[PDB]
Amino acid sequence: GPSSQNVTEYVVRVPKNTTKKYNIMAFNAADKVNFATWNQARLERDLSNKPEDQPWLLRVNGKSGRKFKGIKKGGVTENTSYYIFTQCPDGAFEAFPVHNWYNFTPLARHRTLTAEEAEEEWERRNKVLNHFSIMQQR
Amino acid sequence: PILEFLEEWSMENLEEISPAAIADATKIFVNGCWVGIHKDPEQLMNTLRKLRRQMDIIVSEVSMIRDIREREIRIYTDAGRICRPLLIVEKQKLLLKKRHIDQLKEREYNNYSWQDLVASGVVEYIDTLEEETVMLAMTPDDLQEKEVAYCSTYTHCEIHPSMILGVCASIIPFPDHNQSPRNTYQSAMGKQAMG
Amino acid sequence: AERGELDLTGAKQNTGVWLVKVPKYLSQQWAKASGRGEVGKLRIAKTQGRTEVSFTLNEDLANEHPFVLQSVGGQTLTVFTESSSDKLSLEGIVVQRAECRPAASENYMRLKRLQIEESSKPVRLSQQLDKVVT
Amino acid sequence: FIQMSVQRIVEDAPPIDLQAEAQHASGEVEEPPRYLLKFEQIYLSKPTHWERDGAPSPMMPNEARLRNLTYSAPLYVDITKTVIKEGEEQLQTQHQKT
Amino acid sequence: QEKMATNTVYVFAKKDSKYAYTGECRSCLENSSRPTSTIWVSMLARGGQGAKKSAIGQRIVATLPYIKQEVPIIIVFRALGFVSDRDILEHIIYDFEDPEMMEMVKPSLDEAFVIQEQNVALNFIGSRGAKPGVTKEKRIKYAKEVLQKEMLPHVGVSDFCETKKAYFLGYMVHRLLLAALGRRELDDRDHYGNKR
Amino acid sequence: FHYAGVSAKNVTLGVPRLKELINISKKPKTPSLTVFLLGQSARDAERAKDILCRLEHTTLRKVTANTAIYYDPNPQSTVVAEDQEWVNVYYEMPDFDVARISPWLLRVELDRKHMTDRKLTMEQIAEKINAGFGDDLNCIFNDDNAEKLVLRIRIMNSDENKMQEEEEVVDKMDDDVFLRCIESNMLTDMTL
Amino acid sequence: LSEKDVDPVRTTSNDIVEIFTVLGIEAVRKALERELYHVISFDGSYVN
Amino acid sequence: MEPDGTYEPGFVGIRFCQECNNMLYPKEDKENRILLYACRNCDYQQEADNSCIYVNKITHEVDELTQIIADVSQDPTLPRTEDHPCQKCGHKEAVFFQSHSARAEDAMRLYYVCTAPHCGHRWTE
Ligand SMILES: [Zn+2]
Ligand SMILES: [Zn+2]
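Chains as they are written, first to last, in the entry's author numbering: chain G, 5 to 54, 93 to 180; chain X, 540 to 734; chain D, 2 to 64, 80 to 150; chain V, 50 to 147; chain H, 197 to 392; chain S, 1107 to 1298; chain F, 1347 to 1394; chain R, 1 to 125.
Zero decoy hints are in this set.
Derived DMTMM-like pairs: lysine to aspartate or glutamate, alpha-carbon spacing no greater than 25 Å straight-line:
| id | chain 1 | residue 1 | chain 2 | residue 2 |
| --- | --- | --- | --- | --- |
| 1 | G | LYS115 | D | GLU98 |
| 2 | X | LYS630 | X | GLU669 |
| 3 | G | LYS105 | D | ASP8 |
| 4 | D | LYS128 | X | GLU546 |
| 5 | H | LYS332 | H | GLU346 |
| 6 | V | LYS130 | V | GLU70 |
| 7 | G | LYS105 | D | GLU6 |
| 8 | X | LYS632 | R | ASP75 |
| 9 | R | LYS57 | S | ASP1223 |
Residues on chain R that point at chain G, a partial pick, calculated with CB under 7 Å:
| id | residue |
| --- | --- |
| 10 | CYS20 |
| 11 | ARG40 |
| 12 | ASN41 |
These aren't lab readings, by the way, just hints derived from the structure by calculation.
No residue lacks a Cβ here, since even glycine has one placed at the ideal position from N, Cα and C.
Next up, chain G with everything else stripped away, as it sits in the complex:
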């Protein structure tokens, strides 16, 4: 079929300005993300530092689904640039600049570790003598 000698060409647009700023949301492949399970999600600025200078906090399906923290790309594209290329119904491409690149990583759920009451002390005594029972006595 034509598919073996197919040539395609599209126009490229780069609008000087857009009402919405454009971001990247990146995940590790190791994190095995599944967007089909994302019935709901929240996206709020983090609260550890207690706005435009803080990491992101992502909460999916609330307290039951997975929770992630977002950190701003520490490196800067001074000799390169990142763009998004999108298809439009007219038959052309639109390219949008990356305003930010955020690195998202899993927080843990009810893993629970006080590590304050006497865990530092128990560590002084720690001979890998126990592990399960101390986590339980909470």
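Dock chains X, D, V, H, S, F and R with the ligands against the given chain G, drawing on the hints supplied.
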């Protein structure tokens, strides 16, 4: 500028990757700092060498070394490395030719100089870290003899062997027919000879 | 419905987009083209067992960029948008990565060297100061 | 050292600011005076000596050895003082050569 | 003046001390803030608490600047924010298919378990370093300030290269572990390649 | 340095030895004894080999080719199918407390050349380790004529007193982990 | 010394602290003279 | 059975947790003769495959044709050899070298690397 060139060429930034999916790549270092990784070190190394000899990267101030058994490439642009000039031999022959020698003799009225000679890319400055990797030949004689000799892989060549000597060991005649501690003793007494 | 909620429509539509790394002079030409509504054209040609992607510059904006594709099996990317209307939305998933490379080799370098001149050149020490009295 | 390092060090990161403790015990209405200083271009004469008269002259490195002077040159810098008060005025900046 | 080179890691033997091996890295923008240099990454030897598992010559620790006592390197990684071992090991092992190295790292992960959260890990570093005070939160802030500024300043001094710094620690552990299997030869103290 | 015989990574020579000697050093750099032999042992190489073997401070770690830890509660269904013949061999070895032995297994593999050089037997080792740790450390071993030399180790208890009286005065230490401590100490201590 | 077939007469040591504990002060006087004699003969020069 | 059977029961460190991605440790089920691996910080548990959880001192992972990456052949300071016939390709030009490891151990045995693109193949002699 070295960081700029690498970034535009092909080197992936550390945050663009997941290590367990690309750890096999050659590592890149700039002044002891880990900038990124690369999947084709031989071409890139060849290209960097080609740029430094082309004057696009500051020759005297930039050393570039590949350690192939650890699949990493470190580059240094810091001050305080000791380096010396050496001839570049290619295809098992000198890259410097007699035409350049007659050009050097021409300088009694010509503006052609040592800097022009380096820009011809027939000589390079090689620091001790980089000197660990080269296959340095003692003389053009040996480099010719190679048709019977054991090695035919030279990359650099000594511009002359007596140059391994510092100032005072250089005033002294036939130093190799001297038992070696005698050469140290003269270099001291040489400062004490009044003139 | 709340301000803190993220729109997942794009995600649920399985929208795919491409991610491309590009050299500064091209982004600088697009910054000089502003928003006229064109900067050039992108062309994709596929064969029996090979696919070749490229970009070609506008004649006016000049007055071949090959693309190299990068595996996306190592990281998962999507994109979200922060509107001026304070309404966050997930637009789609990144299904392809690529890097835009120059076709010119050595000549280029001069531009780069010129570019180096543009980035690097405020006056440093540079001119003694003759001799002042006041 | 002269062509890069010295210029780099004074350009680098020591901008300074200062502000008196005004509106003490009372005050109000407007201004706790503040001042900002930053250093820029640097200048270095040829080596110079100054006679007791105060007359500056070209020194010669031999003269420096017989009279026991010190073969050195005077250093000058561009300094700016930059008056952005808490309201009434943001510009009243002055160029000096020191 | 001849000195030993900067911002480069060397793995050397020091059999006379309690350290089986050491990774030394003197860190400095000799053309930046010109502060100091420190970090040591050390493999322990000669010891046994009794019936711990015993074997002390895998108990890798790290000397940090300003800190008064040695702390396990995994704790530093957890203070940088990483919480999962696979991710620390990913930062560490690269090749992922060296089971031998994985068990070699394993007792360090076993020691980590008590401080699995970042804040307490920071407070642990705080108590090990700062003066004793009820200012836990402030102590965490001090600990944060040391790891961001004072550890490996040649890697960066801002939030924006805090992640990058963690990759470099993994390289210091990796290089150290490589000498300890003997897959890599040791760096000579007097090789001009290591001087300035 | 003065090259001589096999030795000579021996006796510090000269001024460093004068300082060592004259200071009455508690820790000489190279302490040695020149031992002389008698009877047939003063003229026969193999006899000298035998006395030397008794003298040579060998530890089990020096002797061991390999170690392994296995999860095998019941031998009579061994996870290592080749071990199955020792179970035939060792069913009468205290047959009651196979109901008592821990399901954690230690296996050691020994080199036949190295074991030969020390002229040591497997029964002496089993008896040495059994005597050192006590009856708790239940050891069995293989036929000397096997092409593979193996030592099979489990850990036993005191039976009557262990019925979870209060909470078992061990603080629930993991038994594998305790088996590593046995392996740590068993190698580093045992002066066979 | 206590082991079987090891000659309990001629068996000796280059160590001195141990010679004292086992054999007693006169044996140290002899062994210490011998060890000093031994370093001097090696270096080839003779001392009276 | 035979003593020819290789010794690789599966050393295995990682197959860590599937939920929180931390390390798994063995632990007993006295009821079903099954090993389990559990994360210490969560309730997740799963049975193990092999009963092996630790080995030490193969004493001879001679490491003769492993880790030695093929790109070593580009090194100009290593001795090229006219000694012919890579054992895979019909071309000479093997680069060779001793040990290259601090367990040097005491080896004097040569390792040969073919250097033409058709192999990358390595072999001891
Ligand atoms: Zn878990
Ligand atoms: Zn071949």
